[PDB]
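The other protein chains are all here in position, but one chain of the complex has been omitted.
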Amino acid sequence: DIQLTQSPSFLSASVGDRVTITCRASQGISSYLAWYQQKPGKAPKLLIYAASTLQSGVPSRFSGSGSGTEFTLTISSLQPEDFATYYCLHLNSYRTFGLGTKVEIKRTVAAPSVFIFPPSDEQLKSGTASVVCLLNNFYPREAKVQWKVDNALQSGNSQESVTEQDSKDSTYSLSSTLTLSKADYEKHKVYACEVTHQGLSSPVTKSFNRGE
Amino acid sequence: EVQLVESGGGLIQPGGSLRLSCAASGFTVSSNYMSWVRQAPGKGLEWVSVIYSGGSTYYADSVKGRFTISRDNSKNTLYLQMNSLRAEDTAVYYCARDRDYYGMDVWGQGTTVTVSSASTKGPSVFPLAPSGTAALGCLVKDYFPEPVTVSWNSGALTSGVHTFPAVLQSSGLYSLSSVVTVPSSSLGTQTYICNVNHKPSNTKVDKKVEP
Partner (left out) sequence: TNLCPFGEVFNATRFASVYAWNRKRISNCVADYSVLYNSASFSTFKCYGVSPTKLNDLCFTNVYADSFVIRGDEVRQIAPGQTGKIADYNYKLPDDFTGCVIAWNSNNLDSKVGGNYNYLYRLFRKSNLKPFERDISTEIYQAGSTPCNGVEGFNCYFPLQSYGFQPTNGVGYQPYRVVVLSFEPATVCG
């Protein structure tokens, strides 16, 4: 049991840059390592095997290098079609992939615009309340939604998802849903989501009072 | 030409069993190392199993005792027999030709396996009602299985639309949101309808979204 750790999980860069992705083995594994590329909705592709050997037909800007404990994959001058996720893999009577590195398009910081949506009367009739918080067109990816209910910080009753980088402005959007039974939803007044983000000087809170 | 095509994926209940097939061209399956690799929704690649040209087989711990890799030389086809399936076995399954030290150079397009107790169900669509940029949308809640398609004004409204990845709730049903931002000046003058289509249940919903 040799553990592979790939870093970073997310890397932002621009066309023409030199990007470096690292895979670290808990023990020296010589050249028993390969690198793969995967674009969304598509099958993996082999890039490099035996640590530094470039697979045939793979552009020469891709190169790999490894000592035994530290392996890096280097894209010498990033091309638009190189935005993708990259996985290192280790092998011998098994195959083990690393967690992966997503290479994303760099751009300037952009604060989200924040909206909160109360549950529709129609859904309430059915006995559940969904409160939704939208964070629209922000960059970078990292953002914190904190649901507050009558100023009690909520935990364990929310799920969120995030879009892929937008094809025209390279921003993300995020949607977080807070789910309550109707009875619980009726036993509280102020519903808020508080958003922390690098493009905001202070956290921004959008809220509403139940039934106003 | 060189090709791998994987079929056999579909919906199955926890505890059930399913056999995947991978039909190859341009190389000899029984002459090669052959792998299955999978990818759960929104997660990384996980190696599953390998067969050596001489017939030895190996398995990831997470499927050991439940999966069996095999092949049929006369059909140049590779198989993965999956028993005692679990919800977390839900993934796209790929086969690859495996060159060992030299890596996996030829991949299939993948086949989808879905393991779930849930039974087919169309979504409820609830408005995400708005309060120079306004936001509105539709909450597409409690459907199964994936996917749904969402459009706005029958395709006429595309700018500013974000349709978010579905989440899988603890109920076993899926929920998704689709939103658009518009000039707030148009909230009183433009009709905004979201068109929700869930073919597995043959369900179509248009829902007008207003203040």
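Here the chain labels run A and B in written order, and each chain numbers its own residues starting at 1.
Following the convention adopted for this analysis, a residue touches a chain if its C-beta (ideal position, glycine included) is under 8 Å from a C-beta of that chain, and two chains touch if they have at least 3 such contacts.
Undergrad: For a quick check of understanding: of A:7, A:79, A:92 or A:196, which residue touches the chain that isn't displayed?
TA: A:92
Undergrad: Which candidate, A:20, A:31, A:74 or A:159, sits in contact with the chain we can't see?
TA: Within the whole complex, the residue contacting the unshown chain is A:31.
Undergrad: What residues on chain B make contact with the chain left out of this view?
TA: 26-28, 31-32, 52-56, 99-102
Undergrad: Tell me where the left-out chain touches chain A, residue by residue.
TA: Residues 2, 25, 27-32, 67-69, 92-93 of chain A touch the chain that is not shown.
Assume only the chains that are shown with their structure count from here on.
Undergrad: Quick check: how many Å separate the C-alpha centres of chain A and chain B?
TA: 18
Undergrad: Under the touch definition given earlier, write down the residues of chain A that touch chain B in their complex.
TA: Listed in rising order, the residues are 32, 34, 36, 38, 43-46, 48-50, 53, 55, 85, 87, 89, 91, 93-100, 113, 115, 117-120, 122-123, 126, 130, 132, 134, 136-137, 159-163, 173, 175, 177, 179.
Undergrad: What part of chain B is in contact with chain A in the complex they form?
TA: On the chain B side, the touching residues are 35, 37, 44-47, 50, 58, 60, 94, 96, 98-105, 107-110, 124, 126-131, 133, 135, 137, 139, 141, 162-167, 169, 175-177, 179, 181.
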